[PDB]
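A.B. asks: Read off the chains here:
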Amino acid sequence: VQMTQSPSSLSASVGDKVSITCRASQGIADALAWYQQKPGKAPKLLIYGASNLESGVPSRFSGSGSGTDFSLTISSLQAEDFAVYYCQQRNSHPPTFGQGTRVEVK
Amino acid sequence: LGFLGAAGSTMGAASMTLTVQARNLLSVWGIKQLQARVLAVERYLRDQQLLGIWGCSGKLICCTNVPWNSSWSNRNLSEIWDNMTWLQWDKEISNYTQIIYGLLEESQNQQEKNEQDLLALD
Amino acid sequence: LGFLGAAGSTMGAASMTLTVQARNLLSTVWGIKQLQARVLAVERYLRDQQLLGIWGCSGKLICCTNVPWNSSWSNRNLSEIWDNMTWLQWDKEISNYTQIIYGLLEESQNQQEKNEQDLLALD
Amino acid sequence: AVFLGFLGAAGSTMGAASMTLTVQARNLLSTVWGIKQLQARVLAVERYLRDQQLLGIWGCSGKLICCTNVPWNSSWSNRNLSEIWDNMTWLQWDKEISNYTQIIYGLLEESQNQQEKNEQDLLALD
Amino acid sequence: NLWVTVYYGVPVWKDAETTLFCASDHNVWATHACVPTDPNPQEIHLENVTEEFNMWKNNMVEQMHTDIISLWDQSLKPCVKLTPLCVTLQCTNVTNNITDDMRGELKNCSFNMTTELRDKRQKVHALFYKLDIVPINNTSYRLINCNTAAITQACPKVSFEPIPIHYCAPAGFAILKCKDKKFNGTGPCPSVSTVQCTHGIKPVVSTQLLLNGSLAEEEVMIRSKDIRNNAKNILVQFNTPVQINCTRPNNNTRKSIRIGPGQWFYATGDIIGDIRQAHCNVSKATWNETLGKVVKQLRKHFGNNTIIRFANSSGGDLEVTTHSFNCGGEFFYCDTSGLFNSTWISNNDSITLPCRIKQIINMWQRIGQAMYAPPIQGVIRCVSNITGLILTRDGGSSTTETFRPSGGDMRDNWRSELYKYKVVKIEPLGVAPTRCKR
Amino acid sequence: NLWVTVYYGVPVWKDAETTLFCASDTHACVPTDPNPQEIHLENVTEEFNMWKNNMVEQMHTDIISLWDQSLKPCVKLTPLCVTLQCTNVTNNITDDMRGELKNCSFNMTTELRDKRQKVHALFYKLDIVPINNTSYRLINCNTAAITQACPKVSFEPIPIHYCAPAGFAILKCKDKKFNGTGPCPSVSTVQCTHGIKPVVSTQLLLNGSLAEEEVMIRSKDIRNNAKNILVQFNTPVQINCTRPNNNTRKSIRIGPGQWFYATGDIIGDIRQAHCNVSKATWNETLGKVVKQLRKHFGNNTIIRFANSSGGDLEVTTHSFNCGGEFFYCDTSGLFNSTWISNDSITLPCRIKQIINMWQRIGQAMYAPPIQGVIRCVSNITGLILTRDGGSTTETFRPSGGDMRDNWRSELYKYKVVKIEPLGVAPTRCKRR
Amino acid sequence: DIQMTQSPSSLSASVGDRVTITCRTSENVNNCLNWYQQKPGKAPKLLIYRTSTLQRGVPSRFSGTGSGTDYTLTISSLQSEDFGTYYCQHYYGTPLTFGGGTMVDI
Ligand SMILES: *[C@@H]1O[C@H](CO)[C@@H](O[C@@H]2O[C@H](CO)[C@@H](O[C@@H]3O[C@H](CO)[C@@H](O)[C@H](O[C@H]4O[C@H](CO)[C@@H](O)[C@H](O)[C@@H]4O)[C@@H]3O)[C@H](O)[C@H]2NC(C)=O)[C@H](O)[C@H]1NC(C)=O
Ligand SMILES: *[C@@H]1O[C@H](CO)[C@@H](O[C@@H]2O[C@H](CO)[C@@H](O[C@@H]3O[C@H](CO)[C@@H](O)[C@H](O[C@H]4O[C@H](CO)[C@@H](O)[C@H](O)[C@@H]4O)[C@@H]3O)[C@H](O)[C@H]2NC(C)=O)[C@H](O)[C@H]1NC(C)=O
Ligand SMILES: *[C@@H]1O[C@H](CO)[C@@H](O[C@@H]2O[C@H](CO)[C@@H](O)[C@H](O)[C@H]2NC(C)=O)[C@H](O)[C@H]1NC(C)=O
Ligand SMILES: *[C@@H]1O[C@H](CO)[C@@H](O)[C@H](O)[C@H]1NC(C)=O
Ligand SMILES: *[C@@H]1O[C@H](CO)[C@@H](O)[C@H](O)[C@H]1NC(C)=O
Ligand SMILES: *[C@@H]1O[C@H](CO)[C@@H](O)[C@H](O)[C@H]1NC(C)=O
Ligand SMILES: *[C@@H]1O[C@H](CO)[C@@H](O)[C@H](O)[C@H]1NC(C)=O
Ligand SMILES: *[C@@H]1O[C@H](CO)[C@@H](O)[C@H](O)[C@H]1NC(C)=O
Ligand SMILES: *[C@@H]1O[C@H](CO)[C@@H](O)[C@H](O)[C@H]1NC(C)=O
Ligand SMILES: *[C@@H]1O[C@H](CO)[C@@H](O)[C@H](O)[C@H]1NC(C)=O
Ligand SMILES: *[C@@H]1O[C@H](CO)[C@@H](O)[C@H](O)[C@H]1NC(C)=O
Ligand SMILES: *[C@@H]1O[C@H](CO)[C@@H](O)[C@H](O)[C@H]1NC(C)=O
Ligand SMILES: *[C@@H]1O[C@H](CO)[C@@H](O)[C@H](O)[C@H]1NC(C)=O
Ligand SMILES: *[C@@H]1O[C@H](CO)[C@@H](O)[C@H](O)[C@H]1NC(C)=O
Ligand SMILES: *[C@@H]1O[C@H](CO)[C@@H](O)[C@H](O)[C@H]1NC(C)=O
Ligand SMILES: *[C@@H]1O[C@H](CO)[C@@H](O)[C@H](O)[C@H]1NC(C)=O
Ligand SMILES: *[C@@H]1O[C@H](CO)[C@@H](O)[C@H](O)[C@H]1NC(C)=O
Ligand SMILES: *[C@@H]1O[C@H](CO)[C@@H](O)[C@H](O)[C@H]1NC(C)=O
Ligand SMILES: *[C@@H]1O[C@H](CO)[C@@H](O)[C@H](O)[C@H]1NC(C)=O
Ligand SMILES: *[C@@H]1O[C@H](CO)[C@@H](O)[C@H](O)[C@H]1NC(C)=O
Ligand SMILES: *[C@@H]1O[C@H](CO)[C@@H](O)[C@H](O)[C@H]1NC(C)=O
Ligand SMILES: *[C@@H]1O[C@H](CO)[C@@H](O)[C@H](O)[C@H]1NC(C)=O
Ligand SMILES: *[C@@H]1O[C@H](CO)[C@@H](O)[C@H](O)[C@H]1NC(C)=O
Ligand SMILES: *[C@@H]1O[C@H](CO)[C@@H](O)[C@H](O)[C@H]1NC(C)=O
Ligand SMILES: *[C@@H]1O[C@H](CO)[C@@H](O)[C@H](O)[C@H]1NC(C)=O
Ligand SMILES: *[C@@H]1O[C@H](CO)[C@@H](O)[C@H](O)[C@H]1NC(C)=O
Ligand SMILES: *[C@@H]1O[C@H](CO)[C@@H](O)[C@H](O)[C@H]1NC(C)=O
Ligand SMILES: *[C@@H]1O[C@H](CO)[C@@H](O)[C@H](O)[C@H]1NC(C)=O
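Protein chains in written order, with my numbering: chain A, 1 to 106; chain B, 107 to 228; chain C, 229 to 351; chain D, 352 to 477; chain E, 478 to 915; chain F, 916 to 1347; chain G, 1348 to 1453.
Honestly, I wouldn't trust all of these hints.
Claimed, not checked - Calculated pairs, BS3-like style, for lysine-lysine (alpha carbon to alpha carbon, straight line, at most 25 Å): (1) F:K1333 to E:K554; (2) F:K991 to E:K597; (3) B:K138 to E:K597; (4) F:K967 to E:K597; (5) E:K554 to F:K987; (6) C:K342 to D:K468; (7) F:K1017 to F:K1091; (8) D:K446 to F:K987; (9) D:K387 to F:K967; (10) F:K1333 to D:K387; (11) D:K468 to E:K534; (12) B:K138 to E:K914; (13) D:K446 to C:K288; (14) C:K261 to B:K138.
Think of the hints as simulated: they come from the structure by calculation, not from any bench.
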């Protein structure tokens, strides 16, 4: 399954609500995860199962979507949330990732 | 020899073919076969459930802790195993079959399993 | 007490009537529905028997395991479970943890345990 | 999910695949249009019960791994344990042993459990 | 110190009434819906097992009868209906090379029926048997019961040839077969075997004479529910077959007349050559030897000095007064007065039976349903053997007993085959005392 | 010494044929959709054969059964096999359409069983045949039972997922180069197939799956001139099909609540139905097909495309259902090239209302007219081609008509297997 | 077109003699050969299909074998009903072709 993530050049202020979306070339039910990668750092898993949040991740992050249409919503984009976000499916082998959305500070 | 081949044999000799009979219990013109298949399965499962609740699951010959009551049959072993068939026995004790089953349910599972449940701590 | 008569009894008292419920799990218009009812009853009975088989509990109504109880599933003591609670209340309490327990019964015993018995019976 | 991991070990060695016996077991049971569905459901039930009956007859009821008293005959397979458990998968094994499967099953019934149960009947007797 | 020991797989059974299915090695009986038969059927002798059999209460007969009715109905259900033919017919006599006996038997009837288009009508003709036509009042005729029964045309592609049906028990049940060569239908059978399925029973539908099927192993068998009750039928099973050669000598054609969208009515068209009466032949010596055997067996119940008389049917439905049968799709009604005409007093050549043919028949005596048998092209010859008789006694108590042919209840035909079988259920679970303690 | 050890839950399976059930999201199928999840079978190489795949025969049988159970309760057009008095429609007719539509008058039975009424309808030339005079009848109305489709039942294909009964599994071939037969080194196990659209078409495969990498040429025996070649595209070719006429629906009551839906009249100009494909895209697609065909027929072999040599209209033209109307498009403009080692192509299309689908004897369906103007866009995802056979030049022509070859073009990566959970193997473990 | 050479073109044998007829093809037909018996004035009667499968209703006297490009029809005992012209036919592709035909006379 190929994953397309957009927008690739999102920018926002430290107080804005943002939404990053992606599309699967095939329906994958809810077999999707979202990751956060700081420059020079290990990616962190934020969301699994499309709608489920990991322990250690604040309620600020929320996932939604099913089938082919998925999104990640950040209710308030604090300074620690400017990172490359990735869309990843595990519905069919091999695992695949989207190209990533780099969230910039205006 | 063969399915029900021992039906005319004595109970002792007939007890050696339990797999011969057991293996033949599971295996217009469309719905009759589906009902026949479902019936065979339900009868099989009712007998397996009885074996389960008596602590006899997975066995064709199962020893119990229920004593034999002479009121059910006062014959000795020679006249049951060597000089009698299973059809005759089934006829002779049909009136007591449910009594025996009740006793098997009570002492071979309800009491025995709680005793085993307690012996697993002490 | 008859079928489900112990439903309002405490879990302890209700555990001595397991055969009462077990005996009642197997037994155009009105014809089709009867056959569907029979097939459904068989499938659900066997689903439970399949799980008992996988856990090493085949042929038993009370089955002890090698899986320890995790206090996060319930932190009640035995006097607050077996003596002062019903099975309906317990089922309400253990809902979110049923699949975790079943997975542990499947993995920690009758799989690892059977390999261990396979090795123990080797000598 | 109950389906998760189903047949994942199919390409694994027989030893490694023997650690997943519950994964492939838990997925075995679960108008003419209506009749076709009932036949499929009944068939799944019949196949499950036939395999469980065979396990009962062999004295293996309720077990995923069951040890027996039937010696292995080198005419069935002369491979050693490393070749079978570490260097072979279950599909390859089945292809090799399918010609002897009915012989082995016949021995499992005739050469042990019918004799073992009749002997256990006499050991609990004393 | 005896203890209850539970045994599973015990060779015990009880009488049971269950659903049986079929096996067989298109046709009316939908035999393609049967499972394959066992290539090597396993008949297992139950040595030292004596069972009580009763062919008169055998539930396999009622179940087979029900199956035959249901198969018949689903076979005709998708076939062309003949309601457009319940119209006034204008009929004249066929006079083309007709014999003295075939005078009035076949009528050349014209009628107005629609054609390829719904508005266009054509005058069409067909040759119908006298027995299929009833006068309306002047040459105006109608088809028999065309307004009181729904006549369904049989599909010409669905064969009426009996195909053996093997009745098979559900798993957990078994069929017990009586191997006693002298078994008279009721009572103990000291030689019993268990089978997976019955032998192949051909669903042959006939009256008076039992055609094809099983012969007695040693001697003619006289079986009755109560031999002293003259209202009961007597089933006579032959030990030797009597060959009966039946023919429909006319060379018929089939005239296919459009009746609906892709639907045709098949009329008898014209007859090629001359018109002669259908008939059946039996050897006089074979038949007389067979009756001598039947009389010798009847005297075992009636007295060694009693005169045994055979006579024809006293009356009733055509299907009963005559020998009804089906050869190649044609339905024959043969006059057996030449076969049952003798007096046996205690102390080469052939018999020709005239036969009538019908196209509109009503099998199983159902109200509101009838079937039209489509014409069979060419000339029909069939050779069947008689394996038994259905007889009825006059009684009326005299030193003489009179036996007449009977029939019409097809259960008796199935019963004549399903007499050595009973269905039982297996009771594999049981208990017995042993000294073994858990 | 070694002893027999019995294992239950063994990951072993044998090829099997079994009845499959359908997941969806009709009433003959299961609702709630299948789970997409698949389990990868690492190191499992499985032999597949798309030409021996029993799943194709069941899908074909089930599609026919669903069709028959969809038309059964609909109005049967039996009182319409009457003489028609047909004249040509001359109202705003273009050169192409002269004689294609006729205005036919007939006497139809009204709701009262003792009364008749005179009604008229427009019919396509292909749906009526002469009696000898202006007298016409509906084609094959006396040799087949024509059943009117219910106008409320759509013919739009909806994806159907085929699912294994418990105890069985569907293995999927993930090898992007899998050519329909032989070992597949990358296999996964699924409970249900992907959503397969029951698209009915000939010559061109519409709304199907695309090749993952490059155009695939699949044939049972590429060297057997009599077999079909299924060409799977790696890019879609868009085809825009239209029925430009603005038609009305004339409801004629024929029975106790049973209506015949006739073409009433046409508003405005009468123009022929047609389909457009981009000329450049089609030429690029054929260049890819030729590139792949030369891998079997030789690098120096000339690949020629030609139109169908003949046969039933359903196979000489591109047959498809566009918005409820049945189009028969002339593809001679698409398969007309010789390959030696922007603009559009317009395909005229005929339309029929009396459809003999699956080529059965004694059955036909009447497609009610669709009101307004029809315009559908489809993706061509493959071809069904045949070779002419008996030097240095090969000629390929469009084929089809057997819908199994269409289903087979989707059900090529799947096989059904039976799980064999029991097995025996030597170990040193001894009982007791 | 696949050409078919059938040999002998004419064979003389009496009743009870064993008759073998060979059909050699110019290309491999993958065991897609049929054998037919044509009596004068009648359409050919199918004897054997798919190289060796006997047509129901044909007596066991006729048997066939072969592979590749070389196929043989064997008549174990020539009877009075078996005289006539024997043809081989290939269905491996298009066109379907027939051999020249061997006439079996007295
Ligand atoms: C008791 O058993 C005997 C022996 O089987 C049985 O007699 C047989 O009846 C069949 C049925 O008609 C005969 O077979 C027919 O022979 C004629 C000869 O002209 C053929 O034309 C028939 O073929 C047509 O019908 C077929 C139906 O399946 C079609 O498939 C076919 O295409 C033709 O349309 C058919 O083969 C058979 O010859 C006799 N046997 C003898 C020895 O006469 C008899 O009917 C049984 N008793 C009763 C009461 O039925
Ligand atoms: C191949 O795939 C294409 C792409 O999806 C597909 O084209 C689509 O077909 C559908 C179904 O015909 C079209 O939807 C129709 O649009 C018309 C436009 O007016 C509507 O009138 C239709 O509504 C009818 O049905 C409704 C049911 O509720 C009624 O309420 C209504 O009154 C009408 O009767 C219907 O919505 C769709 O527009 C096209 N899309 C494109 C881009 O072409 C094509 O059919 C597929 N082909 C095959 C052979 O599978
Ligand atoms: C698939 O096959 C590989 C290759 O044999 C298996 O891995 C090798 O063998 C064992 C583990 O099985 C290791 O000790 C080796 O280091 C592995 N080498 C390589 C290159 O992989 C692997 O286990 C198999 N996987 C499954 C799921 O069956
Ligand atoms: C039948 O009875 C005889 C006489 O007792 C005995 O020898 C024989 O073994 C018995 N056979 C069976 C099968 O019961
Ligand atoms: C045996 O049964 C009788 C009644 O049938 C009962 O009165 C008696 O107590 C029983 N004895 C034992 C030892 O079970
Ligand atoms: C058991 O009782 C019977 C009385 O019918 C007697 O003949 C037989 O010898 C007894 N058996 C034993 C072993 O004492
Ligand atoms: C209901 O509760 C009472 C006490 O409040 C108890 O005595 C009784 O046994 C309970 N009923 C059941 C069925 O357990
Ligand atoms: C169990 O816990 C409850 C809750 O604190 C307590 O009230 C009760 O006394 C405890 N009982 C025992 C036996 O420990
Ligand atoms: C499961 O968790 C939910 C909250 O996510 C809670 O409301 C519910 O009570 C829990 N289930 C139990 C305690 O059985
Ligand atoms: C092994 O099998 C062979 C036949 O395959 C047989 O002859 C031999 O006796 C068997 N040996 C053992 C030890 O089972
Ligand atoms: C098993 O047999 C193989 C031959 O393929 C051999 O290489 C290996 O050393 C053997 N191992 C043992 C433990 O016998
Ligand atoms: C199994 O037996 C068949 C013959 O029945 C033989 O062709 C095949 O090679 C054998 N396979 C094995 C693995 O022994
Ligand atoms: C008639 O009976 C004889 C027994 O001698 C049998 O060979 C023959 O097949 C029977 N005929 C029919 C049609 O069954
Ligand atoms: C059948 O045999 C039984 C044997 O008990 C006898 O009583 C009965 O009268 C016989 N019936 C006929 C009709 O021969
Ligand atoms: C019956 O017998 C007569 C002899 O008079 C013969 O001519 C006729 O052909 C026979 N018919 C049949 C059907 O046997
Ligand atoms: C029946 O009568 C019609 C005319 O009424 C005639 O044309 C036809 O030849 C007759 N057919 C026969 C068989 O007599
Ligand atoms: C019936 O016809 C056959 C030849 O078809 C003949 O051999 C036989 O004798 C005839 N039988 C009778 C009773 O006429
Ligand atoms: C019976 O025979 C008599 C002459 O003995 C005849 O008058 C009568 O019509 C016949 N009845 C039947 C039904 O054959
Ligand atoms: C009965 O037989 C007598 C001679 O005993 C004969 O005269 C008479 O015609 C026969 N009747 C019938 C109906 O065959
Ligand atoms: C019926 O007559 C036709 C006349 O053409 C002839 O060809 C055919 O062989 C005859 N059929 C029979 C069964 O006599
Ligand atoms: C067709 O003919 C009818 C008369 O039957 C007429 O009223 C109608 O206008 C005509 N329609 C067309 C399109 O010619
Ligand atoms: C498909 O691939 C197999 C690989 O074994 C090859 O033998 C076969 O010729 C190929 N068929 C086609 C049509 O490409
Ligand atoms: C096809 O292209 C032609 C170009 O002249 C255009 O006029 C027509 O409208 C097009 N039709 C469709 C359905 O795209
Ligand atoms: C079909 O329609 C689309 C959208 O209206 C248009 O962009 C395209 O050019 C048309 N032609 C083809 C061949 O797709
Ligand atoms: C195929 O093309 C030829 C011209 O090469 C044409 O005459 C013929 O009508 C075409 N046939 C079809 C079915 O398009
Ligand atoms: C085929 O192409 C030629 C030019 O190569 C052209 O003249 C001809 O009209 C075309 N035919 C069709 C049916 O498109
Ligand atoms: C068709 O013609 C009618 C005439 O009233 C018009 O209202 C409608 O908009 C037209 N529809 C189309 C799709 O051309
Ligand atoms: C065809 O494929 C294209 C690929 O870009 C896609 O956008 C479109 O939705 C598909 N369907 C149609 C009807 O074009």
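A.B. asks: Between the alpha carbons of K387 (chain D) and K967 (chain F), is the straight-line distance 25 Å or under?
C.D. replies: holds, 22 Å
A.B. asks: Are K138 (chain B) and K914 (chain E) close enough, with their CA atoms no more than 25 Å apart?
C.D. replies: violated, 44 Å
A.B. asks: When you check the alpha-carbon spacing of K468 (chain D) and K534 (chain E), does it fall within 25 Å?
C.D. replies: violated, 42 Å
A.B. asks: With a cut-off of 25 Å on the C-alpha distance, tell me whether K446 (chain D) and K987 (chain F) pass.
C.D. replies: Violated, at about 48 Å.
A.B. asks: Given the hint that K342 (chain C) pairs with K468 (chain D), does the C-alpha gap stay at or below 25 Å?
C.D. replies: holds, 22 Å
A.B. asks: If you draw a straight line from the CA of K261 (chain C) to the CA of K138 (chain B), is it 25 Å or shorter?
C.D. replies: With a Cα-Cα distance of about 15 Å, the restraint between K261 (chain C) and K138 (chain B) holds, given a limit of 25 Å.
A.B. asks: Run the distance test for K138 (chain B) versus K597 (chain E): straight-line Cα separation, threshold 25 Å.
C.D. replies: violated, 47 Å
A.B. asks: What's the verdict on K554 (chain E) and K987 (chain F), does the C-alpha distance respect the 25 Å limit or exceed it?
C.D. replies: Given that 25 Å is the threshold and the Cα spacing comes to 16 Å, the pair holds.
A.B. asks: Please verify whether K1333 (chain F) and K387 (chain D) have alpha carbons no more than 25 Å apart.
C.D. replies: holds, 18 Å
A.B. asks: CA of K1017 (chain F) to CA of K1091 (chain F), is that 25 Å or under?
C.D. replies: At roughly 51 Å apart (the allowed maximum being 25 Å), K1091 (chain F) and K1017 (chain F) break the hint.
A.B. asks: Run the distance test for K446 (chain D) versus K288 (chain C): straight-line Cα separation, threshold 25 Å.
C.D. replies: The hint is violated at about 36 Å.
A.B. asks: When you check the alpha-carbon spacing of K991 (chain F) and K597 (chain E), does it fall within 25 Å?
C.D. replies: Since the Cα atoms of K991 (chain F) and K597 (chain E) sit roughly 20 Å apart, the hinted pair holds (cutoff 25 Å).
Figure legend: structure checked against the earlier numbered hints; hints not met, in rising order: 1, 3, 4, 7, 8, 11, 12, 13.
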